[PDB]
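Participant: Given next are the chains, with one letter for each unit.
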Amino acid sequence: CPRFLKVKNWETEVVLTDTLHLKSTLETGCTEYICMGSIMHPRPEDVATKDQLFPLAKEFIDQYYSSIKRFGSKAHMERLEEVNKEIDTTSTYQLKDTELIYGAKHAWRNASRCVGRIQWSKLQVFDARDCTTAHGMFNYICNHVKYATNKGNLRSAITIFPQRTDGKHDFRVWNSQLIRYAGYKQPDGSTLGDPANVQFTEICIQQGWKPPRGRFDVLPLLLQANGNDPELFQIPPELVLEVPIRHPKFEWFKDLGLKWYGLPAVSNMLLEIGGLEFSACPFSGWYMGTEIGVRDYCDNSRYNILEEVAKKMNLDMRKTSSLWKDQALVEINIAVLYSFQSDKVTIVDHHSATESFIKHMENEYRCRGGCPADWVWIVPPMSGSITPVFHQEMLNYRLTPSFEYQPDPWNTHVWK
Amino acid sequence: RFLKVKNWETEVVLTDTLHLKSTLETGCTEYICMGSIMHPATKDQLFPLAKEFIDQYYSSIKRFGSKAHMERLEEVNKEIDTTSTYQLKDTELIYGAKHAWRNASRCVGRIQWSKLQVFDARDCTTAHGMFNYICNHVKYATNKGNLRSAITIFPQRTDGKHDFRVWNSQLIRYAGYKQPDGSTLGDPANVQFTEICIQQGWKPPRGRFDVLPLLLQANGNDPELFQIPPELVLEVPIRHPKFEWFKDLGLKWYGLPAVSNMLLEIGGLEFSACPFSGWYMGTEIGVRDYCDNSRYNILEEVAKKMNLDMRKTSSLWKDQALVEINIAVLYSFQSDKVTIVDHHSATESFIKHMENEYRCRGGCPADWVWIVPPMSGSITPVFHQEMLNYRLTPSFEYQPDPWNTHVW
Ligand code: HEM
Ligand code: HEM
Ligand SMILES: CNCCN(C)c1cncc(CCc2cc(C)cc(N)n2)c1
Ligand SMILES: CNCCN(C)c1cncc(CCc2cc(C)cc(N)n2)c1
Ligand SMILES: C[C@H](O)[C@H](O)[C@H]1CNc2nc(N)[nH]c(=O)c2N1
Ligand SMILES: C[C@H](O)[C@H](O)[C@H]1CNc2nc(N)[nH]c(=O)c2N1
Ligand SMILES: [Cl-]
Ligand SMILES: [Cl-]
Ligand SMILES: [Zn+2]
Numbered sequence: 302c303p304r305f306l307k308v309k310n311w312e313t314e315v316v317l318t319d320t321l322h323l324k325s326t327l328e329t330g331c332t333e334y335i336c337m338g339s340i341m342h343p349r350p351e352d353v354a355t356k357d358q359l360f361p362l363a364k365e366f367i368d369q370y371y372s373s374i375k376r377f378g379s380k381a382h383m384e385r386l387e388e389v390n391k392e393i394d395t396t397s398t399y400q401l402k403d404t405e406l407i408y409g410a411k412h413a414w415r416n417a418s419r420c421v422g423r424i425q426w427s428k429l430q431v432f433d434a435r436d437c438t439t440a441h442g443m444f445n446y447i448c449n450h451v452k453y454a455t456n457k458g459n460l461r462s463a464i465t466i467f468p469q470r471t472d473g474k475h476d477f478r479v480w481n482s483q484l485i486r487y488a489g490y491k492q493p494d495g496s497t498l499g500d501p502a503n504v505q506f507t508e509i510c511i512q513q514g515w516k517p518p519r520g521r522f523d524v525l526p527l528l529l530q531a532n533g534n535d536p537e538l539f540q541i542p543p544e545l546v547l548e549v550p551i552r553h554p555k556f557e558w559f560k561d562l563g564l565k566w567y568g569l570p571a572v573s574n575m576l577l578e579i580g581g582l583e584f585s586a587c588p589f590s591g592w593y594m595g596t597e598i599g600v601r602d603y604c605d606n607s608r609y610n611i612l613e614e615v616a617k618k619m620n621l622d623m624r625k626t627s628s629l630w631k632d633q634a635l636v637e638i639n640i641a642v643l644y645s646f647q648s649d650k651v652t653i654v655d656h657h658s659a660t661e662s663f664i665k666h667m668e669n670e671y672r673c674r675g676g677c678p679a680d681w682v683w684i685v686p687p688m689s690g691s692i693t694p695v696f697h698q699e700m701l702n703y704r705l706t707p708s709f710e711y712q713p714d715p716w717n718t719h720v721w722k
Numbered sequence: 304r305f306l307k308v309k310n311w312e313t314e315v316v317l318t319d320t321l322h323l324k325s326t327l328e329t330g331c332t333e334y335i336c337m338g339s340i341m342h343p354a355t356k357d358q359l360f361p362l363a364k365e366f367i368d369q370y371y372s373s374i375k376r377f378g379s380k381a382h383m384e385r386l387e388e389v390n391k392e393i394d395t396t397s398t399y400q401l402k403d404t405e406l407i408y409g410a411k412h413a414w415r416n417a418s419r420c421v422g423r424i425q426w427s428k429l430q431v432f433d434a435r436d437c438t439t440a441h442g443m444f445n446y447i448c449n450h451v452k453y454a455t456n457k458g459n460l461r462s463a464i465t466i467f468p469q470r471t472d473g474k475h476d477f478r479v480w481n482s483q484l485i486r487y488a489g490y491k492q493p494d495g496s497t498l499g500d501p502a503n504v505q506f507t508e509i510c511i512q513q514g515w516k517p518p519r520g521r522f523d524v525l526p527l528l529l530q531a532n533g534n535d536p537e538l539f540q541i542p543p544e545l546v547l548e549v550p551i552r553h554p555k556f557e558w559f560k561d562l563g564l565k566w567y568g569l570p571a572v573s574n575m576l577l578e579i580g581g582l583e584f585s586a587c588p589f590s591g592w593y594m595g596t597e598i599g600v601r602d603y604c605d606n607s608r609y610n611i612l613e614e615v616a617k618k619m620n621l622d623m624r625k626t627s628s629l630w631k632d633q634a635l636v637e638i639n640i641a642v643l644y645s646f647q648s649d650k651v652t653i654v655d656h657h658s659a660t661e662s663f664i665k666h667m668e669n670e671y672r673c674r675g676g677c678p679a680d681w682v683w684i685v686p687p688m689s690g691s692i693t694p695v696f697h698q699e700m701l702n703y704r705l706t707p708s709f710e711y712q713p714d715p716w717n718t719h720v721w
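As you go down the protein sequences, you meet chains A and B in turn. For the first sequence, the residue numbers in PDB author numbering are 302 to 343, 349 to 722. For the second sequence, the residue numbers in PDB author numbering are 304 to 343, 354 to 721.
Okay, chain A solo, but in the shape it has when bound:
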């Protein structure tokens, strides 16, 4: 592979030079003959062997002591020797708190699909590696939610549960996000709530959950500690900050009865650091408007409200070339930003977030020699070309530490 790769911004003519790609550790899925850049997702109870683990650990440890300007130091070599000893005797090792914090911040930093990474170094890391039970997990998660929510003044946070051992003792949050609304399939084929969540909702209901059967019912947490069967907990409602959607102009918009939750928090991903696998590592930030206004509300397979809004806007909905869909999409997204700003809950519009990302990316090319980015994910789902990211060439590659996808636990769990 070539040492220097160049990306261009076609709006500004600015050209950046990437050398960081050379540190690429994993596979994109693409080859020279095919590109899989728009594929969403391109192993049994299986864990890293001693020989696989040594080099991955050294790689990470080197990188860490390089970052604190102590590469090749006595404390660097001693840490190498201590880790290598731990792998030899125990087939694994434990990260120091300093290294855990570095690794988490870097996994976010390396997350090519995140437009919010300007904030990567401000991340509160809760070390939950002493957790042993589902109730314990519940406690840690509640604390995360409250801290991150901060009464509306959101703060990004991640809570890391114990790493994987033999693969039969995994900690998992079964929820894909900490806060989601339930979906219920009706006998008639209609759906109530969020149609996307019918499967998970069914699982909950089976585990003992009593469903309110509403449009915006917060799901319980389904928590798995040390490989045991998962257990249900209801998040205390006072910890779940919500925002009712209203529009600065349309008085009738509040009559749609829409609202959304303040905190975006992903909990189905796997954090890999130095070859160690943290299968439960919920992390949370704050919303970009379009996540709600466009995808949650206007995806056909989600809440699908374009039609209903278009009707209350009295738009001609017979031709598509009237662009009634597009007009209603903008208004919805205006109401979302306005409802969040009015309740003083943190939210960033897609224009501000993308400009910030460009400034971030440029800084990263300057200080780091690169910034992996997934254009398909970074460009917002509305108004794409009037945001600066659309015109920015990006290179995508996988650096470690990283957040990775993992199988859904209900497909793999062995029931006790």
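Calculated directly from the structure, the hints in this document are not laboratory data. Each residue gets a CB set at the ideal place from its N, CA and C atoms; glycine is no exception. Please note: incorrect hints may appear among the correct ones.
[What the hints assert, rightly or not] Below, computed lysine to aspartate or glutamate pairings styled on DMTMM-like, alpha-carbon distance capped at 25 Å:
(1) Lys555(B) with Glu557(A)
(2) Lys307(A) with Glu328(B)
(3) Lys625(B) with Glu333(A)
(4) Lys650(B) with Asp622(A)
(5) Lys309(B) with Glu710(A)
(6) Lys474(B) with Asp714(B)
(7) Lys565(A) with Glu312(B)
(8) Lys307(B) with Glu333(A)
(9) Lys309(B) with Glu312(A)
(10) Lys364(A) with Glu333(B)
(11) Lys625(A) with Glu548(B)
(12) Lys307(B) with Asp714(A)
(13) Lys324(B) with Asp368(B)
(14) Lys625(A) with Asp649(B)
(15) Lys555(A) with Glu557(B)
(16) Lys309(A) with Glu710(B)
(17) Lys324(B) with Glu328(A)
(18) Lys307(A) with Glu710(B)
(19) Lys324(B) with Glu333(A)
(20) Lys457(B) with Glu597(B)
(21) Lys309(B) with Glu661(A)
(22) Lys324(A) with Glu328(B)
(23) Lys457(B) with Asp433(B)
(24) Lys565(B) with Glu312(A)
(25) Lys309(B) with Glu597(A)
(26) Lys625(B) with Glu661(A)
(27) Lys309(A) with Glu597(B)
(28) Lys625(A) with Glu333(B)
(29) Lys491(B) with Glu312(A)
(30) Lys491(A) with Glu597(A)
[Said to hold, decoys possible] So the derived label-pair ranges between C-beta atoms look like this:
(31) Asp561(B) with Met619(A): 21 to 29 Å
(32) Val316(A) with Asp472(B): 27 to 35 Å
(33) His342(B) with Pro350(A): 39 to 47 Å
(34) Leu545(A) with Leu323(B): 47 to 55 Å
[Claimed, not checked] A short list of chain A residues far from chain B (calculated; beta carbon distances all over 12 Å):
(35) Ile374
(36) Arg486
(37) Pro493
(38) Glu548
(39) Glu614
(40) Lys618
Place chain B with the ligands on chain A using the hints.
Facilitator: Structure of chain B with the ligands alone, referenced to chain A:
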């Protein structure tokens, strides 16, 4: 491997086998994806390429290994032997042209691929001849508003020293003028080319929408200027169906979108002059030409007339202004009976086309970055459609701008 692509909205899964046919590079490797990068012979090199292309043509007409097939392979060999090149049969030219379109991964309009009027211009020898051939192209494809897809193919490359090139990147473009005060009149994107035209004798009216002349190079010679007769150039004044003040913005655009800077490769042959044209998707004009910062850049003005709050970005004034501009463009072309497709219709058709291609052909190469429209992405079906990108031949490829390679 066989590869699966999934649509996340319909949960439809298609199986791609066609990608196994490709050979040219994508730019990506196992470790680095360049999916968002815009730009990533000899007797011995020529024949296998020739061979393959002939092979797939006789395969496409259900006569693989026939007597016609054999003599053709023999013919091409003897001709590459003695002349260092070969000339395509008429039927091969048309097949190659339609398939270059069919294989164009960045094109959302490909459901139309087999309906393409092919103009064989391989007997052209001078710039005047090229102009005649291009005028006929424009007129046929314009067709008084009822646009029809067309391509005009000039002589193939020989030694790279006697190339045919249309120097305009598109057959119809507006000029761009660099003002003293540092502002830019017209289309800023073409400011350079415009100046090249002036430097060669073009007399600029210096307005906001002056149609550039054609600049045409035949057989490696210095290019020559020609003005397309105005009656061949169909233009549409843009107005809004509700905002009667919109016509006062004074905007117009041309009806014929016609790419002329690309290279058409068939059977190892290179057609460096092959202007091709179709009809517009509304966003091309409404979003890119008008609203790109480096283009006509009209958002702010329109936002003024719409009386929007422009102090903070979170009012989405930019987004609002954008939708109305695109409504106007669709409304104008439609009212003037000029062919145009909206991004909802064009994207639906493309998904349908993908289905067809997987069914009959075993795949459909597609560039998600280019196919998804530049506005309202996720309320179109292609946003949710996984796509595999790969390079099939015959194809349209990029080439150097001739003004960086030509000796006068
Ligand atoms: C602080 C404000 C943040 C903003 C504005 C932000 C923005 C976004 C957005 C808009 C997406 C696309 C989400 C989707 O379409 O589902 C995304 C994805 C992602 N973000 Fe960020 N994010 C933030 C915080 C964080 C934090 C704190 C982390 C990790 C420590 C993180 C890591 C990721 C990852 C791994 C993805 C990929 C998700 C997936 O593959 O499903 N983000 N981000
Ligand atoms: C008939 C209706 C057609 C429609 C609606 C259509 C639509 C589009 C659009 C919207 C683009 C993106 C253009 C841009 O953003 O610059 C595009 C690109 C492209 N089209 Fe089509 N097109 C049509 C016909 C054709 C024809 C007739 C050909 C060739 C025979 C063709 C070949 C291509 C190629 C090679 C590109 C890539 C352009 C580039 O790389 O700059 N298209 N098309
Ligand atoms: C379109 N993506 C599907 C995921 N999805 C429906 C979803 C549901 N609920 C919450 C999120 C949040 C995604 C996210 C995560 C983080 C850390 C920040 C942020 N702004 N968004 C996503
Ligand atoms: C993003 N576009 C850059 C090129 N550009 C400004 C441009 C100028 N003039 C015309 C076109 C047309 C592109 C095109 C080509 C074809 C065959 C069909 C179509 N609908 N659009 C593009
Ligand atoms: C097929 C395509 O990869 C898929 O629809 C992607 C497109 N880009 C996206 N971008 C973001 N931010 N989130 C998404 O879920 C998706 N979905
Ligand atoms: C950087 C990026 O590749 C570039 O802006 C692309 C994105 N997608 C596009 N899509 C279309 N149709 N046309 C374009 O010019 C572009 N530009
Ligand atoms: Cl932000
Ligand atoms: Cl079409
Ligand atoms: Zn790729």
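Participant: Taking the hints in turn, state whether each one holds.
Facilitator: A quick look at each hint next to the structure:
no.	hint	result
1	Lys555(B) with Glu557(A)	holds, 23 Å
2	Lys307(A) with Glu328(B)	holds, 18 Å
3	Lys625(B) with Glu333(A)	violated, 44 Å
4	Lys650(B) with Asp622(A)	holds, 20 Å
5	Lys309(B) with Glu710(A)	holds, 20 Å
6	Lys474(B) with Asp714(B)	holds, 15 Å
7	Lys565(A) with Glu312(B)	holds, 23 Å
8	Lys307(B) with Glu333(A)	holds, 18 Å
9	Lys309(B) with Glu312(A)	violated, 32 Å
10	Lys364(A) with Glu333(B)	holds, 23 Å
11	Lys625(A) with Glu548(B)	holds, 24 Å
12	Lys307(B) with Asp714(A)	holds, 20 Å
13	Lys324(B) with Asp368(B)	holds, 13 Å
14	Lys625(A) with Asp649(B)	holds, 17 Å
15	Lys555(A) with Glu557(B)	holds, 23 Å
16	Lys309(A) with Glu710(B)	holds, 19 Å
17	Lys324(B) with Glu328(A)	holds, 23 Å
18	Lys307(A) with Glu710(B)	holds, 20 Å
19	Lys324(B) with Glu333(A)	holds, 13 Å
20	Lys457(B) with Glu597(B)	holds, 21 Å
21	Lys309(B) with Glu661(A)	violated, 31 Å
22	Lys324(A) with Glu328(B)	holds, 23 Å
23	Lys457(B) with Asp433(B)	holds, 23 Å
24	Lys565(B) with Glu312(A)	holds, 23 Å
25	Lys309(B) with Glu597(A)	holds, 21 Å
26	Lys625(B) with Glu661(A)	holds, 14 Å
27	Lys309(A) with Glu597(B)	holds, 21 Å
28	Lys625(A) with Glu333(B)	violated, 44 Å
29	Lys491(B) with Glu312(A)	holds, 17 Å
30	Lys491(A) with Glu597(A)	holds, 24 Å
31	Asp561(B) with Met619(A): 21 to 29 Å	holds, 26 Å
32	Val316(A) with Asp472(B): 27 to 35 Å	holds, 33 Å
33	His342(B) with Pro350(A): 39 to 47 Å	holds, 44 Å
34	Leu545(A) with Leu323(B): 47 to 55 Å	holds, 53 Å
35	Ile374	holds, 27 Å
36	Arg486	holds, 17 Å
37	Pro493	holds, 21 Å
38	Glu548	holds, 20 Å
39	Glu614	holds, 14 Å
40	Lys618	holds, 17 Å
When held up to the earlier numbered hints, the structure conflicts with 3, 9, 21, 28 and fits the remainder.
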